[PDB]
Amino acid sequence: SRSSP
Amino acid sequence: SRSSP
Amino acid sequence: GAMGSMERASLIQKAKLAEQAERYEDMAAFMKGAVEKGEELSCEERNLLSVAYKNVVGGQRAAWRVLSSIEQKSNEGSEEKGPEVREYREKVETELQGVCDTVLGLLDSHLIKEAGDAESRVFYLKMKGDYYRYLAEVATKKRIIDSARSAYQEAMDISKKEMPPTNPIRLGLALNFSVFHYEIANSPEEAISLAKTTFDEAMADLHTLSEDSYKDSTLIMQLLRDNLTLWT
Amino acid sequence: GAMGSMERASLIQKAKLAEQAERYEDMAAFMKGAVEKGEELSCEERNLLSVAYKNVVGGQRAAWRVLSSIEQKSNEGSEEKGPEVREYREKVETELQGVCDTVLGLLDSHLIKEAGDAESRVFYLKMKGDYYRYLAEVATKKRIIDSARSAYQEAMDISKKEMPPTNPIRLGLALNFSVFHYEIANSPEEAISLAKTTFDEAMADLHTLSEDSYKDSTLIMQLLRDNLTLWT
Ligand SMILES: [Cl-]
Ligand SMILES: [Cl-]
Ligand SMILES: [Cl-]
Ligand SMILES: [Cl-]
Ligand SMILES: [Mg+2]
Ligand SMILES: [Mg+2]
Ligand SMILES: [Mg+2]
Ligand SMILES: [Mg+2]
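Protein chains in written order, with the authors' numbering: chain P, 1240 to 1244; chain P', 1240 to 1244; chain A, -4 to 71, 73 to 136, 140 to 231; chain A', -4 to 71, 73 to 136, 140 to 231. A prime marks a further copy of an entry chain.
Some hints could be false.
[To be verified] Under the rule of at most 25 angstroms between Cα atoms (straight-line distance), these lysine-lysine pairs were calculated in the BS3-like manner:
1. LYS68(A) x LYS87(A)
2. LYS77(A) x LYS32(A')
3. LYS87(A) x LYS11(A')
4. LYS87(A') x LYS68(A')
5. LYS87(A) x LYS32(A')
It should be emphasised that the hints constitute simulated quantities derived from the structure, not laboratory data.
Based on the sequences and whatever the hints tell you, model everything.
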């Protein structure tokens, strides 16, 4: 899962 | 310039 | 601490140099020193603080995952190799927890309590949720999970009242809260619902934005979409 | 030091874990602890020592080059920005010099003097040349350059007497000495001649090698060729 930059 | 690994 | 003798402006300048040099531990130390001067942080300064610690903890998290995987493999017809894998995983874990505690300490003393504008308050509460989430990843825990949830929820409540649905802080908060639901709280349906609703409400507000704001918002919307594709 | 209480074998095991986790500072600290046990290092252990410190100093060198470039730009119609760029470049430089001094200290106490086989002695003398070369990159110097030259030359003399022209240690030594000539000693013709002769003598010996040794040697030969293409 990708989280925020 | 490349040096050794 | 060691930055007490350096001017606030010099600490900020050096944080920017450290970023250019990819020296994220230095960057984080400079930004900690700047926070400890006691003045509120501007938008750019908040972003420097976040970039620095995200990169530091990101390297620790990646290392912890490598070591944890090796440790789990050793605990399966696996030959006994002694305490070393556990010891070194614990060493990295303790350092990671220390960085999270440092960030949470800056937020509690006194960034959050002095943050009155929505942009700053949501930013810091999102950070609080994130660093409790990183603690939860290594915890073996219910109270840590509830602390992350509570911080994200307060940030969500403010963001929905005070910010447009395309605001990049609001979008990044929703993205990370959705990851919390999926990866930490065992709530994949809540994760999917939050990501979908967030994406759709932002879509409907894009028409209000300039070209540059459109680029900022759609970048984060794409991350929501990437997760939805992975999760469904 | 801090590793004095840990078993030699545990330090080696943890160095390998740190490598897998890309925790090169930890890896270097574990390998320093292993060296300080006072026993000679095996071939695999020498390679762990080299990998660890090469990665640590490599990050410092890259950071130093970024900061030095910014500093040189500031010293051109450039607006005065105060002492901060110089100060932070100096901070990184001092840390880099400290790592080089640590490595040179391990070599002098007592890795080199106990190394009698050609493979170990050449390896350590090459390392001595390399870390003096890194000191020379930031020095503002003649004695440091001569120390690098002297170490490389002793390593070259042993390698030519005791090792075949395809030996990967001999090849990597010649590669790095050629870089010294080009980048440090203002001797591009010597660099080119050394790289050419080294490449050609290895070419003529490839027929003696197994498939796996051929792969090892040709990998380093390609680096010699890459430099010759850049330099001519
Ligand atoms: Cl450990
Ligand atoms: Cl609300
Ligand atoms: Cl500094
Ligand atoms: Cl010789
Ligand atoms: Mg002041
Ligand atoms: Mg305020
Ligand atoms: Mg023992
Ligand atoms: Mg010996």
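Verification of the supplied hints:
no. : hint                  : result
1   : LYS68(A) x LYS87(A)   : holds (19 angstroms)
2   : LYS77(A) x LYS32(A')  : holds (21 angstroms)
3   : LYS87(A) x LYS11(A')  : holds (15 angstroms)
4   : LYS87(A') x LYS68(A') : holds (19 angstroms)
5   : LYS87(A) x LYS32(A')  : holds (22 angstroms)
Consistency note: the structure conflicts with none of the earlier hints.
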